[PDB]
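Student: Given next are the chains, with one letter for each unit.
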Amino acid sequence: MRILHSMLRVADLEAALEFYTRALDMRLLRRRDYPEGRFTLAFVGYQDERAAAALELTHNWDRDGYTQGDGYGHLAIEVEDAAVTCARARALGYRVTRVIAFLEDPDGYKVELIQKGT
Amino acid sequence: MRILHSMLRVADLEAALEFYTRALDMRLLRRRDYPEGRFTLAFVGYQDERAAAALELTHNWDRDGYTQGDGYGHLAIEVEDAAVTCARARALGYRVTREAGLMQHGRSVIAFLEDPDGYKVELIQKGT
Ligand code: NI
Ligand code: NI
Ligand code: NI
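For the protein sequence lines, the chains are A and B, in the order given.
Those letters in the first sequence? Residues 1 to 98, 109 to 128, by the deposited numbering.
Numbering-wise, the deposited numbering puts 125 at position 125 of the second sequence, and it's gapless, one number per residue.
Bear in mind the hints are in silico, worked out from the structure with no lab data behind them.
All C-beta atoms, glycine included, are put in the ideal place defined by N, C-alpha and C.
There may be inaccurate statements among the hints.
What the hints assert, rightly or not - Sample of chain B residues at the chain A side, in silico, Cβ under 10 Å:
| id | residue |
| --- | --- |
| 1 | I3 |
| 2 | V10 |
| 3 | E18 |
| 4 | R22 |
| 5 | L28 |
| 6 | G37 |
| 7 | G45 |
| 8 | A52 |
| 9 | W61 |
| 10 | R63 |
| 11 | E80 |
| 12 | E99 |
| 13 | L102 |
| 14 | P116 |
| 15 | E122 |
Please put together the full structure from these sequences, using the hints given.
Tutor: Dropping the structure here:
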């Protein structure tokens with residue numbers, strides 16, 4: 001048994017993918033369009049889906065936004081240098097919280123940066 | 001880089017832990033009370049935190065429940081037998097919102113479980 005992925009709904013897939021590939025070093029593992037359901041799925045990550053947990057991004061073409069609650073916490077990512085990754089995301093124009111840093115993606119989801127070791 | 005974990009706030013940590021450890025066969029990797037912040041956290045998974053992504057569960061002492069939005073999707077888990085996991089969660093009293101269905105090639109064997117807080121757990125059968 002193993003954890004395969006966590007899924008999040010996004011209002012703009014291309015903005016979501018820019019954050020996960022520019023502010024973070026994720027690779028597009030697979031993307032799939034379903035016109036019959038008017039949505040697109042994209043899997044982003046590091047290793048192959050067969051080898052590690054990925055992030056699933058759902059984009060329902062008809063939704064302008066999603067009401068995030070206070071139940072969902074965050075997605076934690078292991079980084080080499082927390083301050084650097086945080087500075088790079090700040091420089092790209094992304095929101096940052098003001109060894110451990112917090113970013114938020116274009117939809118408002120929180121990403122926890124944890125420096126390898128700790 | 002690598003994904004370490006996903007975090008969810010639970011109204012009752014004991015109820016949440018019983019579902020993940022009993023219905024889903026996860027092990028308790030970490031648990032700590034923080035009286036200074038009035039919260040407790042727990043880490044559940046299948047492998048060591050150094051090797052794989054885990055699930056972090058938080059319970060804030062001053063809360064009796066959480067407003068779950070429509071943004072968060074689900075946590076997906078790989079299972080040997082989705083029919084068996086469904087029957088097992090149901091035998092313990094948990095809700096299966098979508099049964100696995102007849103196991104056959106090349107049908108996608110996917111099931112949906114609901115945890116005690118109403119979070120969605122997607123069960124994908126190994127081999128699909
Ligand atoms: Ni859109
Ligand atoms: Ni965390
Ligand atoms: Ni999924």
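Student: Hint by hint, where does the structure go against what was stated? Just the numbers, ascending.
Tutor: 3, 4, 5, 6, 9, 12, 13 and 14
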